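Given chain D, put chains L, S, B, C, G, E and W in place with the hints provided.
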Amino acid sequence: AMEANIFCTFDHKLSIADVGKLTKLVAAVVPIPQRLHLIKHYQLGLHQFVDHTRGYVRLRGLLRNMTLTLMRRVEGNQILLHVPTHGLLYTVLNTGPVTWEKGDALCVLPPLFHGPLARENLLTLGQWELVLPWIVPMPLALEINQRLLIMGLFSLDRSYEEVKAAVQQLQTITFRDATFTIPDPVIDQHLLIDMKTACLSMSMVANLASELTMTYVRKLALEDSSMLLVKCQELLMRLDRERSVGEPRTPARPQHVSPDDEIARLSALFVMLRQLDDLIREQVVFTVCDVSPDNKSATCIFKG
Amino acid sequence: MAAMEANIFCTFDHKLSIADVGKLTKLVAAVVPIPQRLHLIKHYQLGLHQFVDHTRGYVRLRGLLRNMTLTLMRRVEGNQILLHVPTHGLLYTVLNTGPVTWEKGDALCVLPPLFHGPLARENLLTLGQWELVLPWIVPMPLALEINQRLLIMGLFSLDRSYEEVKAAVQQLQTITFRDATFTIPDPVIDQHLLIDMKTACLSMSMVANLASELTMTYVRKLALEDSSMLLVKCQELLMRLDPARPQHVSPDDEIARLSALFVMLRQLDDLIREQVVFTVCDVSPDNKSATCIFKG
Amino acid sequence: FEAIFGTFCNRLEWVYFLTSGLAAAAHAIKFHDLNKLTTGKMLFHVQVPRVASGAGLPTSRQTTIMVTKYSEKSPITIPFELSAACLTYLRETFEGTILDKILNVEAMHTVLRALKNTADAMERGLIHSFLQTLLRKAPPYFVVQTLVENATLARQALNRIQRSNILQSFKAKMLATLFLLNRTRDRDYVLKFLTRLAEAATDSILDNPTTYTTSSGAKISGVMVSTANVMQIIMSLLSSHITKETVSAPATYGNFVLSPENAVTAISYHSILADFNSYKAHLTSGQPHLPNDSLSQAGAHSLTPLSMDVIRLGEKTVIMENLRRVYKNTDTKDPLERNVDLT
Amino acid sequence: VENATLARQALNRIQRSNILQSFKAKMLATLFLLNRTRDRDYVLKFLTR
Amino acid sequence: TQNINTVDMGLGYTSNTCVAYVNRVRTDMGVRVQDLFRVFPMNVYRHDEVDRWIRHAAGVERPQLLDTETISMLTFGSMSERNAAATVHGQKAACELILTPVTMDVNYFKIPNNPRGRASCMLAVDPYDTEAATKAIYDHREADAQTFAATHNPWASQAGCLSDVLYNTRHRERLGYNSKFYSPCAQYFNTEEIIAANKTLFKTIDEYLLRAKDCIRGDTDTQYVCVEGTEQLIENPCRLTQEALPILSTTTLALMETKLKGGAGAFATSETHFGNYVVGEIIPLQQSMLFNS
Amino acid sequence: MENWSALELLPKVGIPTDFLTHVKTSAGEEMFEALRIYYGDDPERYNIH
Amino acid sequence: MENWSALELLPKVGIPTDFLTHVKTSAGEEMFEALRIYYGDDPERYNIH
Amino acid sequence: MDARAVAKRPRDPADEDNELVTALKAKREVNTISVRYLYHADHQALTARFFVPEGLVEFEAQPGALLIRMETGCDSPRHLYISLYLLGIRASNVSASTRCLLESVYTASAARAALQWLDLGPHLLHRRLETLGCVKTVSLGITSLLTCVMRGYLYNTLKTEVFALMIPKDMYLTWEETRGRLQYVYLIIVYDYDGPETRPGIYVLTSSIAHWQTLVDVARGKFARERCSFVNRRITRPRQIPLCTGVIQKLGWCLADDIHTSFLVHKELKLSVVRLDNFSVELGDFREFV
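Protein chains in written order, with the working numbering: chain D, 1 to 304; chain L, 1 to 296; chain S, 1 to 343; chain B, 1 to 49; chain C, 1 to 293; chain G, 1 to 49; chain E, 1 to 49; chain W, 1 to 290.
So here's chain D without its partners, still in its complex pose:
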């Protein structure tokens, strides 16, 4: 009885055939919304977090707060579940689309069903189903997050075909031993609100920092302890072609802004960053040591 375990139950009675489809996921990651003990299967899995109008960002941000929990052993009307300790090795399962390689960093991401059918699901049971997150290697995961944000930047201008031709290519990732079509956040023309909520956060600093920062560069420039500020003011021109005596040699600056309103422009500058921050970084949930043959199970040391 040395091992700690999280028990689970089933409201619906399982079919005997259904019990064997959990035994194919003995090592699969089974994220849990909150650490507990007894847990109903409705609480189990990512399926309870499914949303309609809400976009992909809601599924991912809640996943960061979820307590990842490896499957242990099915036992009749129960589900053993152990939450890994930091720094110990564990045999996880490569349910992810891309085959693992030894030593790769890993970070959990929500599953992304695409266009043409392939693998679908096995554990349907009364509306609710046991969806599982992908376990993509980290360097690929940075590429995935970059696509969904940029594909939403074009959501405003679907009307022209040349934009649609580009999003069609960004949709098709091309990496080792794999090709996939990451689903377009755009649907029913207008973008889902969670992406539009995030896309503004990039456009804020892309625009709000294009005026507010001009005042604070000139004052710090007097020190020149690092000398870079003399050139840093010319970094703000936002141009490619060389200037041709049009005389915009110095940046435009805000004019006679109210001292209270001036604080509000900065106070709101960072609250946008607090919303955007969730996509900026990916914790390394696992670090594989040596992949097992058949690219199924793989021993990994837990991290985080």
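Fair warning: there could be bad hints in the mix.
[As the list claims (entries may be wrong)] Simulated crosslink set (BS3-like; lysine-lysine; CA at most 25 Å straight-line):
{"hint": "1", "chain 1": "C", "residue 1": "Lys213", "chain 2": "S", "residue 2": "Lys137"}
{"hint": "2", "chain 1": "S", "residue 1": "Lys101", "chain 2": "S", "residue 2": "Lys137"}
{"hint": "3", "chain 1": "L", "residue 1": "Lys295", "chain 2": "D", "residue 2": "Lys303"}
{"hint": "4", "chain 1": "S", "residue 1": "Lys171", "chain 2": "C", "residue 2": "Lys261"}
{"hint": "5", "chain 1": "L", "residue 1": "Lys104", "chain 2": "D", "residue 2": "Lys219"}
{"hint": "6", "chain 1": "W", "residue 1": "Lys159", "chain 2": "S", "residue 2": "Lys36"}
{"hint": "7", "chain 1": "L", "residue 1": "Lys221", "chain 2": "D", "residue 2": "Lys164"}
{"hint": "8", "chain 1": "E", "residue 1": "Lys12", "chain 2": "E", "residue 2": "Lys24"}
{"hint": "9", "chain 1": "S", "residue 1": "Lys333", "chain 2": "C", "residue 2": "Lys92"}
{"hint": "10", "chain 1": "G", "residue 1": "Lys12", "chain 2": "S", "residue 2": "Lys41"}
{"hint": "11", "chain 1": "S", "residue 1": "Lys73", "chain 2": "C", "residue 2": "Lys213"}
{"hint": "12", "chain 1": "S", "residue 1": "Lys41", "chain 2": "G", "residue 2": "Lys24"}
{"hint": "13", "chain 1": "C", "residue 1": "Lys92", "chain 2": "B", "residue 2": "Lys24"}
{"hint": "14", "chain 1": "C", "residue 1": "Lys92", "chain 2": "C", "residue 2": "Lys135"}
{"hint": "15", "chain 1": "S", "residue 1": "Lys101", "chain 2": "W", "residue 2": "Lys25"}
{"hint": "16", "chain 1": "C", "residue 1": "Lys203", "chain 2": "S", "residue 2": "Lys41"}
{"hint": "17", "chain 1": "S", "residue 1": "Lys137", "chain 2": "S", "residue 2": "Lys69"}
{"hint": "18", "chain 1": "C", "residue 1": "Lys261", "chain 2": "B", "residue 2": "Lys26"}
{"hint": "19", "chain 1": "G", "residue 1": "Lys12", "chain 2": "S", "residue 2": "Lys280"}
{"hint": "20", "chain 1": "L", "residue 1": "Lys104", "chain 2": "D", "residue 2": "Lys40"}
{"hint": "21", "chain 1": "B", "residue 1": "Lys26", "chain 2": "C", "residue 2": "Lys135"}
{"hint": "22", "chain 1": "L", "residue 1": "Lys26", "chain 2": "L", "residue 2": "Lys288"}
{"hint": "23", "chain 1": "W", "residue 1": "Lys27", "chain 2": "S", "residue 2": "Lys101"}
{"hint": "24", "chain 1": "S", "residue 1": "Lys30", "chain 2": "S", "residue 2": "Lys73"}
{"hint": "25", "chain 1": "C", "residue 1": "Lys213", "chain 2": "S", "residue 2": "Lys333"}
{"hint": "26", "chain 1": "S", "residue 1": "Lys73", "chain 2": "W", "residue 2": "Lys25"}
{"hint": "27", "chain 1": "S", "residue 1": "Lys316", "chain 2": "S", "residue 2": "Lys244"}
Read the hints as simulated data drawn from the structure, not as lab findings.
Then chains L, S, B, C, G, E and W, alone, in the frame of chain D:
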């Protein structure tokens, strides 16, 4: 040399009153930073109080606290103090000091102490020209609001008259958070900010060049069509004025520009960030205890 | 109904190294502290006999000759594993329900199979690594045949004519002996060939007074191994000479316990010589010769009978042996089954 | 029986081809027995085989 | 784990092996030449249109390897040759060497001899005499070994000849090539090895029991070089002699019928017909291997 | 280079030593690893350090 | 380099060793031609071979 | 449930019989295997075997090194493991005398493929590398089988000797004048953006600093010269978008007091190297900064 000991004994030279030892028993499992990590530290090294200075700068206490090694108090038998050092990634009980509701599951960060409404700091330990100033453990969102304002305080002062500087400091020093009010003791413009204030303004500048023109025009196009409660507020934050199709579609070059932008938001956004430590699981109904995992 | 008649499972064979006839080629010994040693050696000494010179010819002074053999080292390793699922039903029994006991009895036999599948493998690996070594000490027959033919003439280091004459037999013996049973199949020509092998084999330095001995005092020497398809032929053509016999094989491995005096020398300067206490008395007595040199002193006093085959070749009762019994169903290629390129 | 022992793995494409080579050489040489040679040692060897 | 320690207690050799009984032959005993285009992929014609006409005539593919892939291609090599859809026989090989039309075949092909056209046994050479050892195998002021004519094959015996730059492993190593393909002829041209191969007689055969054996993968169609260990080692008797074995061959179908119609000794004899000739067979495997089955 | 000065002073064991190709022919072809032939008596052995 | 591992295992004698300037001071003065001082317990002494 | 059951101290595995022994105890049947004491039952350190090409075994044969994986666009090998010493020919920080020294050791053709692959791509070097751990118990052969550490102290089996970690002297630097009682080892890569090509610039850097903020502040000291270059490249080359002036990542920590200079000896050539002693491994992912 032996690796720094897991268990630390702290012993006080000054004789302690019974009123003092009773406060320590309720102080058990509080976060008590230490610098030396010696097996048998003196109480002078104990606490943050010895680093206090005439400037009383809240900024310098922030960076000095980051060099501290957090420890959890345990077993306050007699005069001895058992400051166990938690291992990374294991569960540990935690006892609050600063009055904060602590919603379950939020990230925690050690923070320099503030003050509530009494201003007395009452039930604090005074001990012969010495005090035990334990830094607050605070929820992560409070750690952002307490710090993102502090970065602004050095910026706004740069262009304003001294009468207008105090007018802003008077407002920014107070911070409401989860019903309870809070206020920052003695904010101080200093060289400790200037070393950080410059790189922030430098990070503000490099992002202005990294952005594609479509990334900046995305809202000005959005205002032309869609309307929303958020979009109306954004126009108040921006200058009013100063389909033609995008000028250049180079997706291989567009995505490469975004990767450099993430380097900035892993940097510039991190200036207001403090490293997360405890991760709450189940808060006690008294909000005086909570299990926690993971360290900075 | 779909009836299912009773299931079957194969019974394991019990191979052993000492029971095998390949062990006759080895003087097996146990030595617990083997991991520490780096290299072994055995120095030799040979002074040459000489004959009187005639008049008008240069004479020959006595010529001392000494040489030192070394010892190669090789290891072997067999993985085996138990699932943590089945492993945890071992010690961690639950309630004593009749169903729960079955997983305990099964897991206890999962370990007995996991060990004896490897314990049986450990014996076969000594069969395999030892035969693998002999192939590195097994020059092709036409090379050894040239030696016995012209060894006697080249008393000096070989002359440029002698080296050319040695090369001449390398080819003439290669074009005919390259295949045997594929070509000529005279019952006498095979016996005339195989009896020539035993004359070409130099004797091992140590001698065994009693181990591996035919009943009624015949002294066994030599051994050979082959695939069953070749031995199936040899049992027929030479049946007149082949006879079964209960060889007196040793019952247990020998041992090489360290002398207490060696324990100081192992630390003092990282070297050892066997039976160091024995050498001391022989210097004080002044006697040169010693009764034994450790390796023949290394135990193995016990002996047990077991049936084997032998042949009468040159009055040398060579052991016969077949390795088909120990490589069946194994996933490794049989070392005796090889191939030969011809340009 | 002549080739079973070497092929511990599922048969190689070279192994399968040498398996086929025996199918031709044996089918003709053994196409008929008493119609061809009637040697006593040969049939006694063929039958025990 | 286990830690055995073998000891060479024998003064002279205590063990020996003699090859005995063939049961099968993996080799196709074929004719199709080695495709140098798969052995030296990087080589290309200078003119653009010419290479389009060459590969179309040879039938060889012209892959567009990426600059990344070419670098690993030149080092570890690869199994570039596609496996045949069906192989009734087995692995094929036939390395090619251009030689003189006026080769003295009567003094050469009738008996085993060096493919280089100048015999280069190292056992005949004085051991540890690199100067003399490299002279007899290259410099032609000295009389040749075997036949004493200085060189039957000037385009092969010479250092730097087309056979030497194309098949010596060190001259090949300077060129880009796929190491995994196995050329049988290379063993006769390893100047940086064969010149150092010479030793005292007993030490020579001892090295013959180690490095002399070559690996060949057993499941692939054509032969490929492989890492030693997992595959069974293959000794070559010719390495000790450095002299290749002649086989039966006929200039025309007519002379071939006389051999097939003859008795058991018919393969051993050699015959000629004006300018046509028939090489004899030194090892009568042809009658033996098929009849022996 | 081993310790040849020891071997002729250390007590040994007389053993039969049949083998092919003389004895100088075998040791002179370096079939053994270390060796130290000399055609006279050896002055160098009585020294000890 | 000497053979310090022999000294770390071989039994010795209980000889009193008073001398000037502490003892660690002697290690810093190189008063002895060779030494191998170390602080914590040394695993390396068990490396017999 | 029993009051004695909570009275019990936490279970001692060493007092208990081995799992292989226990099944044999039920049958009382001796086996040839010595089950009395399973090896590696006590090691907190985690490890995994790495097959390696024979041409890169050098320097690693001495215990204590750094195996960083290198992804490649070739389909085979897909991941060529790289020694840190092999990377020294590439780093600009190495002295031309030190660079010429080890470069002669890397004459193997398999080592030649590594330099060809770092140069051909447009991607930055840090993206293609991945820290794994440290050498111990080299197998040595045509395909070396290193037992690289994942998280823990390097040492010989049965704890007989604690392997030191080796670091070249040119790549090591000390920011602090007075060492602390503890100091983490942060592996660091810093580009110096310029013109025709971006050279790397490796610097392993032990430091008492632990927090990320103060760690990257001192990193802005001597590396500020690249900071002037990374900005100057931006105004110089529109459309071109250089990124990451440098990268920091944790590698482990050391007792500081045990550190001292040393030198490796391989292929006759000597090479002075800083020598960490009790280097516990604690892997850390690359962290970007400008």
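Run the structure past the numbered hints and jot down the numbers of the failing ones, going up.
The structure breaks hints 2, 4, 5, 14, 21 and 26; every other hint is satisfied.
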